[PDB]
Amino acid sequence: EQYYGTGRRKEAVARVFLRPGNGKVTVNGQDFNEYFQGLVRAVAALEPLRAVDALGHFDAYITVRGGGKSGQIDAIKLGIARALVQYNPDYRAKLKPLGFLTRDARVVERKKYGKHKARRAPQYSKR
Amino acid sequence: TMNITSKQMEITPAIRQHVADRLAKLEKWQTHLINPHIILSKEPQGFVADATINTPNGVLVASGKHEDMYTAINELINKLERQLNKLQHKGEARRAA
Amino acid sequence: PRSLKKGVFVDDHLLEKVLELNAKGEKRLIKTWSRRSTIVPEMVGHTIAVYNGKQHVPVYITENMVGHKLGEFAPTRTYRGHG
Amino acid sequence: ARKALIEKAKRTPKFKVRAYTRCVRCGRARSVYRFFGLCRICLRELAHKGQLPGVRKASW
Amino acid sequence: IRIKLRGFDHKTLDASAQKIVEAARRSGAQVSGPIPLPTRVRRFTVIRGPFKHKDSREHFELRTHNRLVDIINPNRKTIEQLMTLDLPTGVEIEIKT
Amino acid sequence: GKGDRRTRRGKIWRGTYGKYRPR
Amino acid sequence: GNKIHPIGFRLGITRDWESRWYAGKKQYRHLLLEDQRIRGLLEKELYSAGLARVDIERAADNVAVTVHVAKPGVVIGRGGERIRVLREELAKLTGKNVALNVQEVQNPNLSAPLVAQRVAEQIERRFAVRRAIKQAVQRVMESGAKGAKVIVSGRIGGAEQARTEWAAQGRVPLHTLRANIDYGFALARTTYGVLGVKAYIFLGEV
RNA sequence: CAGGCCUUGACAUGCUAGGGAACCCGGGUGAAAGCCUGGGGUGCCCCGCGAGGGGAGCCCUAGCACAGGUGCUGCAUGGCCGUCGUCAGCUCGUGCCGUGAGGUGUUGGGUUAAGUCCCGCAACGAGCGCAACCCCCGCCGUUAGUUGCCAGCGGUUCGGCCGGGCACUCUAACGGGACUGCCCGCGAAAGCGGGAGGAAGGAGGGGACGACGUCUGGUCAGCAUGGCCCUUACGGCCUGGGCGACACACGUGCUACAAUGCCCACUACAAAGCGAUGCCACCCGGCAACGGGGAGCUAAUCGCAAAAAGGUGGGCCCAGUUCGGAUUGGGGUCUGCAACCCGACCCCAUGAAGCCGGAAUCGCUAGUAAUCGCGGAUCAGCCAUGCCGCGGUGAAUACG
Ligand SMILES: [Mg+2]
Ligand SMILES: [Mg+2]
Ligand SMILES: [Mg+2]
Ligand SMILES: [Mg+2]
Ligand SMILES: [Mg+2]
Ligand SMILES: [Mg+2]
Ligand SMILES: [Mg+2]
Ligand SMILES: [Mg+2]
Ligand SMILES: [Mg+2]
Ligand SMILES: [Mg+2]
Ligand SMILES: [Mg+2]
Ligand SMILES: [Mg+2]
Ligand SMILES: [Mg+2]
Ligand SMILES: [Mg+2]
Ligand SMILES: [Mg+2]
Ligand SMILES: [Mg+2]
Ligand SMILES: [Mg+2]
Ligand SMILES: [Mg+2]
Ligand SMILES: [Mg+2]
Ligand SMILES: [Mg+2]
Ligand SMILES: [Mg+2]
Ligand SMILES: [Mg+2]
Ligand SMILES: [Mg+2]
Ligand SMILES: [Mg+2]
Ligand SMILES: [Mg+2]
Ligand SMILES: [Mg+2]
Ligand SMILES: [Mg+2]
Ligand SMILES: [Mg+2]
Ligand SMILES: [Mg+2]
Ligand SMILES: [Mg+2]
Ligand SMILES: [Mg+2]
Ligand SMILES: [Mg+2]
Ligand SMILES: [Mg+2]
Ligand SMILES: [Mg+2]
Ligand SMILES: [Mg+2]
Ligand SMILES: [Mg+2]
Ligand SMILES: [Mg+2]
Ligand SMILES: [Mg+2]
Ligand SMILES: [Mg+2]
Ligand SMILES: [Mg+2]
Ligand SMILES: [Mg+2]
Ligand SMILES: [Mg+2]
Ligand SMILES: [Mg+2]
Ligand SMILES: [Mg+2]
Ligand SMILES: [Mg+2]
Ligand SMILES: [Mg+2]
Ligand SMILES: [Mg+2]
Ligand SMILES: [Mg+2]
Ligand SMILES: [Mg+2]
Ligand SMILES: [Zn+2]
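Residue numbers (the numbering used here), protein chains in the order written: chain W, 1 to 127; chain F, 1 to 97; chain P, 1 to 83; chain X, 1 to 60; chain D, 1 to 97; chain E, 1 to 23; chain B, 1 to 206.
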């Protein structure tokens with residue numbers, strides 16, 4: 001009937017809804033190719049089902065909030081990889097070895113006093 | 001160029017020229033004296049003449065003290081010479097196989 | 001520069017001694033600390049002493065120095081060069 | 001010249017601009033927070049003693 | 001029928017939001033549970049040292065925690081034992097409609 | 001670039017508005 | 001100088017604030033100033049009773065000042081003669097209903113603020129600073145503490161060369177957050193200058 | 001700094017008297033401060049139908065104690081901070097060795113980020129440090145459902161807008177979770193390598209946290225404080241100037257020298273914060289800075305708000321240029337009593353140096369560097385290109 005996963009990356013949270021169908025994908029009231037129009041990284045957001053052959057087998061209802069386009073994109077990758085596992089438990093293997101199931105913890109490291117950024121240090125004359 | 005700071009103390013342009021002429025002993029070694037900086041100061045027992053100088057082979061840092069300001073200046077140059085002559089020749093030691 | 005909605009600023013205590021001189025057959029020398037005051041046309045022809053922090057500088061006002069401030073004509077820093 | 005300056009900051013001024021903040025605890029003219037009325041030095045002194053309600057050391 | 005609670009410590013704030021939810025709950029009738037509004041953080045960054053040492057700071061924060069409760073089915077029976085409300089000192093309550 | 005007031009990028013750098021960056 | 005304030009390092013984990021009340025942006029500085037004015041008078045007046053802490057509460061134009069002390073009677077007096085006297089000089093400042101309570105200190109030698117003061121008094125009395133410090137530590141440990149460390153710095157004995165003197169017994173783990181460590185400071189004011197006294201008391205972990 | 005001024009004094013506790021209380025609006029002179037003033041009504045407790053008498057809650061006039069000093073000493077000091085250094089060190093008690101300083105332990109073999117742990121040992125224990133306990137982030141759960149959200153159903157004026165719901169996202173409090181616990185192998189052991197499970201693996205990433213001590217380190221100008229020095233002045237008020245000077249010299253940064261770029265028009269995608277003489281929607285005037293109207297929001301509601309890089313389209317065509325935006329002329333805006341010295345911004349015009357930088361030198365090991373914008377404290381305004389934070393995009397390389 002309907003299948004769901006939760007996808008998060010950096011500061012983006014994507015809610016994805018997998019319903020069976022011909023393959024159409026809509027992200028936040030727009031077609032997929034229109035939301036990421038001109039972004040090379042987009043196609044990676046559909047890789048989990050290309051790994052379990054469900055490329056054209058599903059339609060995609062996708063919401064998206066926070067962060068930026070590529071963070072939102074990687075959030076999708078986890079989301080739809082989340083949904084395919086509840087859609088079928090045996091989808092884990094041949095999806096988990098492809099890493100698609102893990103959540104990417106790499107986030108912005110906080111700015112510290114004394115530095116210019118997280119680690120970039122101010123220039124000085126030791127001489 | 002060479003900079004001279006008289007910390008919490010006033011000096012003349014003559015005194016500054018004496019310092020420049022005294023630091024000129026370091027020109028002996030024919031190496032670039034890069035942005036040399038002297039700091040003259042007054043402590044309760046005497047004067048302190050500090051210096052920081054970079055050369056292509058390293059840095060020189062030394063402090064001289066004495067009741068007489070010129071002597072403290074001279075003691076500084078002596079400590080700076082011994083360091084420069086170490087920077088200029090220490091590499092020659094490990095030359096034979 | 002000052003908003004046009006606001007007025008041409010004069011310290012009023014300087015403007016007063018201008019008109020009393022005008023309305024009586026000026027001039028006496030005016031001493032003042034009103035560097036901020038504009039040189040309004042009623043002042044044209046007087047000679048006014050402007051305080052620069054140390055001295056009151058006699059500044060003869062002419063026709064071509066009107067849209068200006070009194071401080072502009074009694075400069076504050078003594079400088080004669082280096083060497 | 002500090003005690004007279006501590007009193008002259010309280011006195012309402014001949015012009016609205018001449019008003020400036022001082023430290024209600026030590027009289028410090030610079031780095032005075034308006035929320036506490038304290039300088040950065042007293043802010044840290046009172047906070048460390050627990051006499052600033054709610055204020056805690058922040059780490060993240 | 002709205003009550004919002006603000007406090008600097010969240011332990012007292014939550015306890016003081018339970019003893020309101022619990023209060024008019026059994027007192028009849030409907031109570032919409034304590035909803036934690038996002039916290040407003042007021043930050044304070046100062047130099048640890050009283051003089052220079054600009055690159056060493058200490059961070060302080062003052063968090064103003066927030067809670068909302070809707071006593072949904074009022075019934076002025078509840079509007080009485082709430083008049084005698086034993087709430088701690090750290091929290092502030094607002095009552096609107 | 002950012003240092004040029006008469007461009008959009010310059011007004012973004014200063015945080016100001018006008019004919020070359022309207023609001 | 002490199003050590004964080006051991007109390008400030010433990011607010012909300014082992015120690016609670018001395019002033020508990022909410023206030024909003026336009027009010028905080030005014031209440032806070034009153035709180036320190038309250039403490040300014042009270043610390044001068046109640047010194048002789050063994051003033052170890054002054055808690056302060058605020059609800060709605062009223063304030064409940066708690067006072068923790070070793071000699072409660074010196075605060076109360078004859079039937080409440082000084083205690084009532086205070087609430088008037090208090091409400092004159094507060095301008096509102098300044099209820100004042102008093103609570104005794106279980107052991108005035110397990111309270112670091114008092115131990116530091118006692119040493120500071122012994123110093124102004126020109127006692128052997130090194131001996132007096134060993135005494136304080138010996139008193140706090142005999143009172144049952146799990147660790148204690150007292151520090152005195154400055155012209156000890158009058159010497160031109162300032163010096164720091166400290167002694168310790170038991171455990172004093174200042175890096176441990178769950179360790180209940182009480183800290184107090186006192187200012188010995190001598191004819192040759194100021195000395196600082198820091199008492200650390202370790203009341204066990206949590 | 002110059003000038004004009006004040007002498008229990010801008011401020012504390014006093015004691016003694018004149019007036020009166022206290023106070024409020026003005027007058028003159030002056031740049032102002034000050035000096036000179038001109039008006040006007042003190043409760044109480046008081047004898048009061050009465051002149052009249054206090055006194056003391058408070059100011060004004062004279063004294064005399066005193067105040068006041070950012071005047072000196074950080075080499076007399078407290079406090080707090082910097083630094084070596086988050087480096088793994090520094091010690092104590094008793095015993096043992098040595099005439100003694102002192103040694104032992106703490107060394108040694110193995111291991112670790114670690115004086116971390118293991119084994120050994122005339123040493124056996126202990127403390128301060130290491131680690132952990134705390135915060136943020138990453139997975140899941142419970143409790144909550146508005147001002148947050150919208151999976152499905154109904155409407156839908158085309159707005160989660162209404163009905164409806166708390167699923168989801170979220171928000172924010174409490175839990176669970178990772179321990180070399182499990183497996184294979186080496187190992188005496190501690191551990192090491194590899195494997196699975198898992199959101200996460202061997203401290204998961206970052207924070208807070210800095211031993212005995214060192215630098216006779218820093219700060220008497222944040223504060224405190226010993227001692228010394230000033231007392232119509234080294235104290236106090238004002239106006240104006242200076243702290244912004246400019247033959248030069250060094251440190252930190254910003255913008256660049258261009259086509260992986262610059263410009264214009266259109267179109268996306270954040271986070272953390274701030275906001276009732278505050279934040280300002282929306283409308284109108286102005287090329288614009290801004291101005292006049294005016295709604296909303298004690299703010300998960302209203303607002304600052306547009307994020308920018310990016311994406312789409314079009315121009316520029318290798319030139320000191322549609323690179324770069326210094327310098328200067330002119331015209332305005334706004335704050336503020338006042339923008340001469342010495343404010344920010346807008347508009348027209350001007351359009352410099354700079355063609356990737358000598359000797360030398362800095363940062364950075366992963367969501368890092370690089371690059372892009374956003375917010376806040378201070379704050380009337382702002383000389384912020386600074387600082388403290390926030391997210392977007394997102395590398396290279398480590399033999400040794
Ligand atoms: Mg979050
Ligand atoms: Mg594409
Ligand atoms: Mg970043
Ligand atoms: Mg530096
Ligand atoms: Mg020089
Ligand atoms: Mg020689
Ligand atoms: Mg003076
Ligand atoms: Mg003082
Ligand atoms: Mg101001
Ligand atoms: Mg200020
Ligand atoms: Mg810096
Ligand atoms: Mg750039
Ligand atoms: Mg240009
Ligand atoms: Mg020192
Ligand atoms: Mg010191
Ligand atoms: Mg010094
Ligand atoms: Mg020194
Ligand atoms: Mg021997
Ligand atoms: Mg020994
Ligand atoms: Mg021994
Ligand atoms: Mg050792
Ligand atoms: Mg040893
Ligand atoms: Mg070993
Ligand atoms: Mg380590
Ligand atoms: Mg051993
Ligand atoms: Mg250990
Ligand atoms: Mg729920
Ligand atoms: Mg391992
Ligand atoms: Mg630790
Ligand atoms: Mg001082
Ligand atoms: Mg002193
Ligand atoms: Mg004496
Ligand atoms: Mg002045
Ligand atoms: Mg000036
Ligand atoms: Mg300056
Ligand atoms: Mg020069
Ligand atoms: Mg800069
Ligand atoms: Mg750059
Ligand atoms: Mg070219
Ligand atoms: Mg040209
Ligand atoms: Mg050229
Ligand atoms: Mg050009
Ligand atoms: Mg102009
Ligand atoms: Mg100006
Ligand atoms: Mg470049
Ligand atoms: Mg080179
Ligand atoms: Mg590293
Ligand atoms: Mg900014
Ligand atoms: Mg401002
Ligand atoms: Zn202060």
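These are computed hints drawn from the structure, not numbers from a lab.
We treat Cβ as the ideally placed atom computed from N, Cα and C, and that holds for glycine.
Please note: incorrect hints may appear among the correct ones.
[Unchecked claim] To give an idea of the chain X side of the interface with chain B (calculated C-beta under 7 Å), a few residues:
(1) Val-24
(2) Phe-36
(3) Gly-37
(4) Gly-50
(5) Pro-53
Okay, the hints, checked on the actual structure:
no., hint, in the structure
1, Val-24, "holds, 6 Å"
2, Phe-36, "holds, 5 Å"
3, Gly-37, "holds, 4 Å"
4, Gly-50, "holds, 5 Å"
5, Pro-53, "holds, 5 Å"
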